[PDB]
Amino acid sequence: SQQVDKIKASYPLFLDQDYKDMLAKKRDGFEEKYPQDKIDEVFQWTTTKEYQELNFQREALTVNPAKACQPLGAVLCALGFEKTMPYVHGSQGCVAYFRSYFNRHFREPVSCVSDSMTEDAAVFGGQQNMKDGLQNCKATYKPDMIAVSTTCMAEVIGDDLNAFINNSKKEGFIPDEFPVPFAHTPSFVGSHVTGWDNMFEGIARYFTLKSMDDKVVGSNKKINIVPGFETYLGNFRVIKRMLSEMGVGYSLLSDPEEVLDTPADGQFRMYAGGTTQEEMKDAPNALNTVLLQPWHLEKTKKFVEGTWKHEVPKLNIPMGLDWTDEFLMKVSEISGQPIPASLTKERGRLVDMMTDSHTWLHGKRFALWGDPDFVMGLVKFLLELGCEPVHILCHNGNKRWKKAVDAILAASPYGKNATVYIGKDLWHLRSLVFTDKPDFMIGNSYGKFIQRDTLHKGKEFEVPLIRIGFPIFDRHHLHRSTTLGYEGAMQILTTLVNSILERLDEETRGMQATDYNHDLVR
Amino acid sequence: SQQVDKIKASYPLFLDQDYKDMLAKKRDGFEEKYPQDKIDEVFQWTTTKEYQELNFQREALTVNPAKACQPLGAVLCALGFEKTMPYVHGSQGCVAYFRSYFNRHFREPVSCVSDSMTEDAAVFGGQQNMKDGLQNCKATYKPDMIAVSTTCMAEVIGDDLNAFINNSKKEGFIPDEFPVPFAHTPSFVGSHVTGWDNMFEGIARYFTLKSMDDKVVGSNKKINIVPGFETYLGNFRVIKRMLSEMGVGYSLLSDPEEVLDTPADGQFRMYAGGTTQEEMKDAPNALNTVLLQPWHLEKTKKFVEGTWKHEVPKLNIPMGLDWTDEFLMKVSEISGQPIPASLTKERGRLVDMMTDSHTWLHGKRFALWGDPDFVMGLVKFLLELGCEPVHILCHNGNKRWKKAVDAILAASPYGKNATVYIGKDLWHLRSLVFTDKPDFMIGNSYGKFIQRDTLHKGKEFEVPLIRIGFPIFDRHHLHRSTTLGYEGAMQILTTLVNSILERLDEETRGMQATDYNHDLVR
Amino acid sequence: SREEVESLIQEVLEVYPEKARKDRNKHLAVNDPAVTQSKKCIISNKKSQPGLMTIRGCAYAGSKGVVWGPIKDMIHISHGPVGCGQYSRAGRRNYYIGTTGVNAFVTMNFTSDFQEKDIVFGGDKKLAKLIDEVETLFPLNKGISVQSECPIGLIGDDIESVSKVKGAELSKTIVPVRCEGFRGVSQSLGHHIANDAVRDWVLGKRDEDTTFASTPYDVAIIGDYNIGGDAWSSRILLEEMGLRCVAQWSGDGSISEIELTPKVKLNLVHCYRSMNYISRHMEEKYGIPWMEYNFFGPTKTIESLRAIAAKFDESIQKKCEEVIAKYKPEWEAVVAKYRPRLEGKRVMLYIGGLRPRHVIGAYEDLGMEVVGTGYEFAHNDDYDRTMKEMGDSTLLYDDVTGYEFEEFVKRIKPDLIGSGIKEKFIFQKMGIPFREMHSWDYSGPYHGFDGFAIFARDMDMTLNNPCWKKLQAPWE
Amino acid sequence: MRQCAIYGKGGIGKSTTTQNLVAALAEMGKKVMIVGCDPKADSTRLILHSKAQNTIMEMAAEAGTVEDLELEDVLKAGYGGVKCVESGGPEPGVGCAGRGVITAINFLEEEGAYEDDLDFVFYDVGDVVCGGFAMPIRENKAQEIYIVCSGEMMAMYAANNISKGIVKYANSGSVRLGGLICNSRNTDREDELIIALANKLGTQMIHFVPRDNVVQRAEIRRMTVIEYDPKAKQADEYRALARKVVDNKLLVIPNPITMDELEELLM
Ligand SMILES: Nc1ncnc2c1ncn2[C@@H]1O[C@H](COP(=O)(O)OP(=O)(O)OP(=O)(O)O)[C@@H](O)[C@H]1O
Ligand code: CFM
Ligand code: CLF
Ligand code: SF4
Ligand SMILES: [Ca+2]
Ligand SMILES: [Ca+2]
Ligand SMILES: [Mg+2]
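Protein chains in written order, with the entry's author numbering: chain B, 2 to 523; chain D, 2 to 523; chain A, 5 to 480; chain F, 2 to 126, 128 to 269.
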């Protein structure tokens with residue numbers, strides 16, 4: 002029942018004895034459910050080392066990924082270029098998912114469209130939807146640019162996007178000069194991060210391949226900045242702020258920041274900010290191109306170094322302390338501008354928080370996961386703070402990557418007790434945290450369940466989940482923080498020391514039991 | 002016992018059965034402790050409505066304040082003026098506490114000195130120590146200025162700081178031109194916030210009173226900004242950023258920011274940043290002075306309006322959404338500069354987070370406390386978000402204040418279920434969260450115990466503590482965040498929605514019990 | 005409000021190049037409370053025009069999304085690449101009871117993770133090893149539904165055969181469900197494909213088994229996915245009316261519960277578009293009458309509470325009334341509290357194939373008048389049930405597109421609007437109160453009596469929340 | 002470096018006619034490569050000497066992923082320094098061959114199989131069934147297409163049918179039908195009849211290839227006619243086809259004809 006002035010929702014309502022009764026009668030009645038005994042048993046089982054080997058001997062089934070397909074990573078890339086339209090060649094449900102997904106994370110408008118390829122499409126190929134779709138979309142939402150993407154649907158049938166696009170042009174559906182970059186984005190290959198590469202590079206070329214002859218290396222004396230798949234706006238902003246406060250000329254190729262954060266003031270804005278084509282067009286003239294996350298921008302580098310002839314820096318993702326000074330130092334080597342006293346202070350302010358927080362963080366064993374650049378980044382900074390990165394999982398990582406990381410771990414004494422994991426899904430990490438238990442986990446909302454499962458075993462075995470990465474659906478407005486450079490590192494640190502401090506407060510908040518260690522100050 | 006590779010500290014160690022045994026023998030053996038029965042009883046008692054009336058009928062004993070003395074608020078004011086020395090006339094242990102305290106919060110160095118007034122001081126007054134002390138300190142730590150304060154000891158014995166200072170000058174201990182402002186700071190009167198007024202105004206005079214004859218109102222066309230007792234550096238920075246990005250001239254009179262955040266890079270800095278005397282000297286030539294927290298800067302206003310002849314604005318602390326547009330609008334009214342499109346965006350971005358997070362925050366009943374401006378601020382913004390500010394306590398508040406807050410509550414319907422409390426200490430609020438239970442508390446680390454006490458009663462009665470204010474000892478680096486204006490409001494909000502979301506995730510993570518409402522996305 | 009919608013429509017549809025122009029102009033028409041078919045007034049269930057910002061899903065969203073996913077004691081394998089699965093892990097809020105990972109596997113996501121090679125060489129060979137790896141890593145799994153994606157439909161794999169072999173081998177039911185994205189216009193085919201998929205591998209198994217006792221009251225709730233608990237919020241009333249709730253299709257469902265539907269005396273169907281197909285085979289093959297009901301708000305639930313009653317004996321009927329009397333004071337109380345706030349306030353909706361017509365009654369009771377609706381995958385028979393539930397000038401859309409919807413919203417100027425996540429934000433930026441309808445915006449049950457309570461409260465916290473008045477900055 | 006894709010109705014003579022054309026082209030001292038874009042995997046069997054070597058897709062299967070393969074593993078030199086690679090594929094009635102063609106081509110290009118060596122690159126394309135088997139003719143793949151045909155009503159329907167599909171990639175791209183290559187099945191008036199179709203098409207009949215059983219002697223012996231019997235009659239013929247291709251400058255946009263005009267020709 003429900004009483005007016007104290008309305009019980011999802012949680013208190015089914016707890017009421019009246020409802021519990023119901024569910025019991027349903028369960029004992031028509032569910033033919035196993036007895037808790039064996040349920041507890043099978044659980045008790047999965048949480049063991051015996052189950053783990055079984056688990057890992059796995060080769061065809063996958064339970065709970067840490068990855069997504071390429072089309073999703075393409076769409077985010079496109080959102081970055083000013084007034085462009087994420088256009089996905091193929092089915093419409095995907096675009097419906099790609100959208101719904103990016104919504105729950107950023108909690109703002111996600112525009113994207115699709116040629117809706119029906120059954121006939123697979124059979125006859127998809128020429129008219131591409132032809133019309135380019136027209137309809139371009140006519141309805143009035144983009145300045147449309148960047149074509151594709152689902153498995155188009156990949157298998159092997160629709161030539163290129164040809165398909167050009168016919169539509171010649172056939173008279175869209176102004177021949179209308180920018181319409183493309184890339185084949187095989188959802189069944191690589192991952193979402195890969196899409197971003199293919200999608201980006203596609204555009205890097207559309208504006209430069211033909212006009213390569215008249216561009217000089219370092220004509221505008223600026224520094225190109227290639228993001229890659231990045232979902233924390235705080236990071237886009239922070240990287241722009243530093244270069245900017247350095248008096249460094251730069252050009253951020255693919256910048257989501259305005260569009261994924263259009264103010265709620267009464268006017269809806271399908272587009273905002275973004276990288277100008279004229280800007281992407283003029284890219285070659287820069288001094289050099291920088292790739293923030295190079296481990297999923299491997300095809301970009303091939304182009305930039307190859308067609309633009311840029312002497313691309315061997316830099317790591319700007320995370321933690323060291324990698325950041327290295328990032329700035331190199332920018333300093335290139336733009337010509339000094340590392341501002343401003344930035345140097347910031348650095349020292351970060352090292353201050355480290356010396357100041359070092360006690361609590363020292364020795365904390367973690368399990369963590371995410372994209373190849375992120376994890377390689379996070380892990381690093383974890384060694385800097387002096388934590389043991391026990392279990393490091395990266396579902397979309399590769400061999401050359403894994404090795405690179407191991408080595409980063411071979412360097413510090415805090416890392417020699419950690420193992421890397423690639424091509425292994427979440428369900429594997431569920432085991433890792435049971436057989437060799439962490440302190441905490443550092444991942445997305447999906448790690449909410451590995452957390453729960455550890456608690457069912459025992460409060461003493463529960464592994465709290467610190468949410469850094471993507472997605473993050475069970476929390477609000479985290480997408481606005483930063484994980485790159487000094488700024489974003491001030492936060493990572495606080496998030497943990499206070500993540501630890503909180504647990505200690507909970508483990509010790511028992512009256513006349515654990516409260517003696519309830520220090521007022523820590 | 003302790004095993005080398007798994008050293009158990011304070012909390013795990015005494016949990017060991019070997020230690021539990023010990024404590025039991027101590028207890029049953031020489032403590033002559035009451036039987037848990039009556040202990041549980043007396044507790045059960047205190048947690049009642051019967052005990053509450055008894056509690057509130059209280060009129061001589063005080064249990065766990067929400068204020069500090071004046072000298073502490075003076076010292077912080079001083080830290081603000083460039084190269085000055087918080088100088089406290091009186092006992093030496095006072096400053097030893099003033100320091101230790103400001104450490105635990107900011108967790109950086111806190112320099113302050115004292116004329117160690119020994120017993121003889123009380124008996125013969127305190128002339129030499131003031132004389133010498135001014136010399137020694139000025140000679141050792143080499144200030145540019147020393148702002149004298151006073152512990153209980155000088156107040157009663159009524160040492161005239163003024164005279165005492167001038168003798169030392171004439172008597173030749175310190176350069177007659179050496180800046181040495183002063184202010185009697187009766188710890189037994191008002192509160193710490195009050196000290197900040199007396200201390201500030203003191204200085205506002207030292208550099209103006211005599212020179213009033215040649216200054217013109219609005220000669221430099223700038224806007225004075227008097228912060229008041231503020232301990233979140235993020236707030237000093239954010240207020241400077243806005244005016245600054247408006248192209249508005251200003252002068253932050255009393256600016257701790259650099260000094261309370263000196264980079265650890267190998268060089269210790271007793272001083273940094275701060276407001277220049279030449280700046281404080283020129284103050285009157287501004288267009289107008291703004292007081293960010295009028296409720297403890299009442300003596301400043303009297304001076305500024307009186308001596309400087311400034312038409313001081315009737316603004317409230319810039320907190321939440323409405324009180325910020327009002328702050329900016331008025332600044333726009335004065336400076337001449339318009340509200341930048343930049344700031345307007347920011348605003349809309351905040352309203353976006355509100356519409357986006359409104360569901361979770363709607364209706365959440367809170368209990369809160371802090372300084373008069375803070376609470377008046379926070380409360381306000383809580384109504385904006387649509388939460389019921391049930392119990393509002395302010396230990397150092399007054400009548401004119403209380404009834405200004407009530408009225409702010411009379412306006413919104415979400416405020417018709419809340420009561421104000423002034424001159425009431427924490428131990429009173431321990432009762433209020435028991436008789437009429439919140440959702441959460443919003444205060445300092447001292448509210449860590451009201452939290453614990455609610456849990457001992459029942460997990461379903463526990464009131465989680467959200468730490469906003471001062472002190473904050475059980476956590477690290479929060480001092481860097483912001484609570485003023487849009488920026489600092491983006492945070493307040495996230496900190497609650499996610500404070501709520503977290504609890505819902507804890508209340509609901511019981512497998513096959515409450516985990517059904519464990520939505521992946523919220 | 006007469007020939008304006010027409011001046012509205014023909015203006016919104018003005019921008020559409022003639023290929024799409026003729027088409028869309030037929031998906032949105034003015035509602036005459038009187039027609040009983042739309043072959044004359046409006047058209048639904050046709051192909052979507054390219055690059056137009058549709059919200060429509062695919063056949064998969066129908067099979068792994070709405071129908072199968074919801075079976076807690078089974079493990080639904082998202083056969084195909086690694087994107088579909090992950091995107092819908094815990095997307096739908098169909099609640100359930102159990103030990104996830106051990107006994108239940110719904111908030112979980114199993115995928116065959118197709119790689120480059122799997123596509124080239126095709127892969128039932130992988131699907132099989134994968135159907136094994138479950139039986140061994142998840143013993144309490146009580147059957148396996150293999151939801152196909154697009155690749156499988158092109159490559160041409162016999163996921164139908166393997167499921168017979170592995171399963172005939174592992175002595176466990178395995179449903180070779182075909183839900184290829186490239187199939188059908190909307191998600192609709194997914195349902196029809198699911199329904200049938202069920203009468204074939206699951207439903208027809210307990211046929212020569214009579215160790216069960218049909219009571220003149222036994223029934224099953226079909227088409228209540230239990231979003232938020234709506235299935236429990238309704239299974240409570242029926243049972244409190246004396247009927248015996250035996251099954252529940254998709255929503256804390258049991259594979260066995262689905263297998264006992266053939267033995268019941270009546271099939272109660274809330275969601276017509278999803279299980280309408282099956283309910284007919286349910287009645288031809290087995291001969292079990294079914295009916296449509298509506299548990300949104302007082303007047304609807306109250307009403308329905310009696311319709312299901314009359315299909316039985318007077319006995320249950322007097323008992324029914326007792327239930328209605330019981331909640332009468334509670335729901336009356338709600339209205340007295342909230343109708344005052346919602347009165348007059350108009351609302352605009354957009355959903356799938358049920359709520360568009362089924363929530364209006366819940367509104368009537370609160371005094372919010374609905375001035376616009378639409379479906380994304382319903383058919384004429386679904387609109388056949390709408391025209392009546394609506395007013396006269398009312399504008400209706402079917403697979404409405406960004407431009408189409410957004411301009412109506414901009415013009416009709418609603419106080420409150422209800423649609424999905426993809427849309428939740430577009431209007432929350434135009435300062436128009438938005439309340440998710442699909443996921444109930446993560447809010448409590450709306451079906452039944454207890455549900456109505458939360459609903460009447462959820463429209464109030466959003467619609468009248470303080471946020472809205474703070475949109476345009478003072479200086480402007 | 003030119004890239005020509007050779008098409009046709011299977012079972013008319015794509016592989017021999019190509020492997021013999023490049024054998025000849027090798028003879029002329031050219032740097033040539035043969036990409037085998039066919040599931041059968043016999044596009045190189047005559048230049049390398051065996052049933053077939055390790056193909057891309059088959060090979061990439063062993064390494065788990067194609068990105069794990071190395072050009073070194075699929076690319077093998079053969080006769081006259083001719084490089085060869087196979088696309089690979091599944092077996093009759095399973096998987097997707099049209100994909101392999103894509104996967105294999107993307108791989109070669111991706112791994113820079115093109116960048117530093119060749120004069121000619123020949124894609125031996128199987129059945130033009132779907133999207134994938136058109137891969138050899140997009141931008142940056144092949145610019146010249148040489149459809150192979152005969153004097154059979156169905157051999158031409160195909161020559162016609164194929165070129166039709168080409169206009170799709172020819173209009174939007176730069177790929178062009180260079181000409182038809184006739185392997186006389188020794189049908190009557192087969193000679194000019196083809197020349198007829200090459201005209202109603204808008205191309206030329208590059209050259210006419212005899213029916214000389216020296217091709218089976220070479221085929222069954224695991225080698226090309228040019229290495230088998232250098233002076234044999236059809237050894238030179240295949241040399242002529244090579245010389246004509248090298249010097250060919252005629253590349254047009256096909257003009258399909260209709261069944262009616264088609265059967266008219268024969269009739
Ligand atoms: N010059 C020729 N005269 C007569 N028959 C020939 C000649 N050249 C090849 N053949 C015969 O053609 C048959 C197939 O030849 P080839 O290998 O060219 O096949 P194909 O159709 O191109 O292969 P695929 O279509 O499978 O790629 C063999 O039986 C072969 O003996
Ligand atoms: S949009 Fe129901 S025909 Fe289907 S997921 Fe929702 S209005 Fe669906 S009632 Fe239903 S439980 Fe749903 S809300 Fe028929 S199941 S394809 Mo999106
Ligand atoms: S209709 Fe292939 S991996 Fe899955 S989201 Fe696609 S790009 Fe990515 Fe429906 S069955 Fe699935 S969501 Fe067919 S493919 Fe879309
Ligand atoms: S016809 Fe082509 S794209 Fe289709 S399954 Fe066969 S090889 Fe693949
Ligand atoms: Ca938003
Ligand atoms: Ca510090
Ligand atoms: Mg061949």
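Please keep in mind that the hints were generated in silico from the structure rather than gathered at the bench.
Cβ coordinates follow ideal geometry from the N, Cα and C atoms, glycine included.
Among the clues, some could well be false.
With beta-carbon atoms standing in for the labels, derived distance ranges [claimed, not checked]: (1) B:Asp177 to F:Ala242: 40 to 46 Å; (2) B:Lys50 to D:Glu32: 21 to 27 Å; (3) D:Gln3 to B:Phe462: 21 to 27 Å; (4) F:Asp69 to D:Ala514: 44 to 50 Å; (5) B:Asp22 to A:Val19: 24 to 30 Å; (6) A:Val169 to D:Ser2: 56 to 62 Å; (7) D:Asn163 to B:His363: 33 to 39 Å; (8) B:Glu54 to A:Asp204: 49 to 55 Å; (9) A:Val169 to B:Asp121: 29 to 35 Å; (10) B:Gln45 to D:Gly459: 56 to 62 Å.
Straight line, CA to CA, 20 Å or less: simulated DMTMM-like cross-link-like pairs of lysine to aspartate or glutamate [as the list claims (entries may be wrong)]: (11) F:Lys170 to F:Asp129; (12) F:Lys77 to F:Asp118; (13) B:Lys50 to A:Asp204; (14) D:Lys9 to B:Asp22.
Verification of the hints:
1. B:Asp177 to F:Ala242: 40 to 46 Å: For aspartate 177 of chain B and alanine 242 of chain F the Cβ distance comes to about 42 Å; the hint holds.
2. B:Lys50 to D:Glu32: 21 to 27 Å: 46 Å, violated
3. D:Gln3 to B:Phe462: 21 to 27 Å: 23 Å, holds
4. F:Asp69 to D:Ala514: 44 to 50 Å: 46 Å, holds
5. B:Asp22 to A:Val19: 24 to 30 Å: Between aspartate 22 of chain B and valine 19 of chain A, where Cβ atoms are some 58 Å apart, the hint is violated.
6. A:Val169 to D:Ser2: 56 to 62 Å: 60 Å, holds
7. D:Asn163 to B:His363: 33 to 39 Å: Distance hint for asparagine 163 of chain D, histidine 363 of chain B is violated at roughly 52 Å.
8. B:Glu54 to A:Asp204: 49 to 55 Å: 38 Å, violated
9. A:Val169 to B:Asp121: 29 to 35 Å: Since the Cβ atoms of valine 169 of chain A and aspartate 121 of chain B sit about 32 Å apart, the hinted range of 29 to 35 Å holds.
10. B:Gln45 to D:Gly459: 56 to 62 Å: 30 Å, violated
11. F:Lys170 to F:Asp129: 17 Å, holds
12. F:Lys77 to F:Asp118: Cα-Cα ~14 Å, so holds.
13. B:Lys50 to A:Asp204: Violated, at about 40 Å.
14. D:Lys9 to B:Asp22: At roughly 46 Å apart (the allowed maximum being 20 Å), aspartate 22 of chain B and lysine 9 of chain D break the hint.
In terms of the numbered hints stated before, the structure departs from hints 2, 5, 7, 8, 10, 13, 14, listed from lowest to highest.
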